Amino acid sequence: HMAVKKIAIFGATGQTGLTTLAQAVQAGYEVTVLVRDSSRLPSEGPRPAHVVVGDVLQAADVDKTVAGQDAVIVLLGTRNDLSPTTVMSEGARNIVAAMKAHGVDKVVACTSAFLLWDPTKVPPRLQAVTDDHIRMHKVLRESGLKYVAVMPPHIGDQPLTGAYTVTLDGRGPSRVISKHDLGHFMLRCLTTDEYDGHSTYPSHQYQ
């Protein structure tokens, strides 16, 4: 009885992706992942239904990942690397093109709460990555797709609670979200239209 049942996850091998993947498999989703050839999912962990090996910078690989899905979750990032980059914005351009070509409308994509900050207050060391989040958000906003812009504060290692605050179109009352709660929220956004076209800032106080 799953209206959304087939999903693509971009970034499933990452910090938030791994727990999003685990929670999605447990919840009954049929998950397709795009993984880079050198970086597959861990063998002991939950297995998705379909694996595409390739790169988000290749339209052909993104097309193969998006075809036949109900919705797309985007958890791309650069791990610890703070260098100038366009992997997230160019990846988003490819995702948008594939979604349009394949009739997929719902995209839930993670950038960061700095897109809700006074821009001159972003820490300089994070500005190069933030610049690409800004480029990525513009690509997704201008696409016309049903886009949920997830803009989290610091991502931590605290528990899954399902009890976090979701602040619409502004910064929320806490400065952290656990990676498990962030993935839980990305999946929650598949089951409702209420956040489409909005920015969302999930946050919580772990106690």
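Rigid core: the largest C-alpha set superposing within 1.5 Å between the two forms. Shifts are known only where both forms have a C-alpha. Residue numbers count along the first chain shown, from 1. First, how it differs from the form deposited in another entry.
- Once the two forms are fitted on their rigid core, between these two forms the CA displacement reaches 2 Å or more only for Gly172 among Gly172, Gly54, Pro48, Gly156.
- Core-superposed comparison between these two forms: CA of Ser38 displaced by 2 Å or more.
- Core superposition between these two forms reveals the following runs of 3 or more residues with every CA shifted by 2 angstroms or more: 37-40, 42-46, 169-173.
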Contents of the next structure:
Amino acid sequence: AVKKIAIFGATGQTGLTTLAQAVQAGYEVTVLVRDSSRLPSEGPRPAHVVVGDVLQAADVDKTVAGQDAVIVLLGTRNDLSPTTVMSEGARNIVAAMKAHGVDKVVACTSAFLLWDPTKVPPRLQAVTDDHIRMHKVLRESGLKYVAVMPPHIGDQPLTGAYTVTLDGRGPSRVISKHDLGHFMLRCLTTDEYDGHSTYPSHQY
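Rather than the form deposited in one PDB entry that you just supplied, could I have the structure of the form deposited in another entry?
Since only the chain itself is given, any partners or molecules it might have are not part of what comes next.
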């Protein structure tokens, strides 16, 4: 079973609660963060903190070494500019996984990669193009990859009661950040989504 995990993007909206949940659930968690002041003091704390950048291969390598699995919650916060941060980060993550024998990655992109790809709002198209490059990197890696493709990420409570479909259709177009993190952790204990795209959603 998975015991040790690396989380990328642990200081973001979904990352923070995924990290807290993972520690509370018993995982030994390593995070890569550019700025450690973005980690909280209260609540559950990661076992290991690497300060650095997902665009630096050595930093990623140090974070992936010795892990059982990797969670990817990289994003651009409010920046909608053309970008390759997520896909280049994923390239480094894949190389570090292969260098260290790690074979399980659960990574978040977005439901736009399931929905009609001509239905993306213009201001999200640049970020979505890099999600598509990241998804390609991970699908072509030869590793066990769960693609998590959520709809709008909300702040509703943790429920653990959301629905997961494989095609982008579901009870709603929202998932709470807490439920999304819960689902990323669920993917560590089953192979049933390996090689699949998944759509978590719930009516809150």
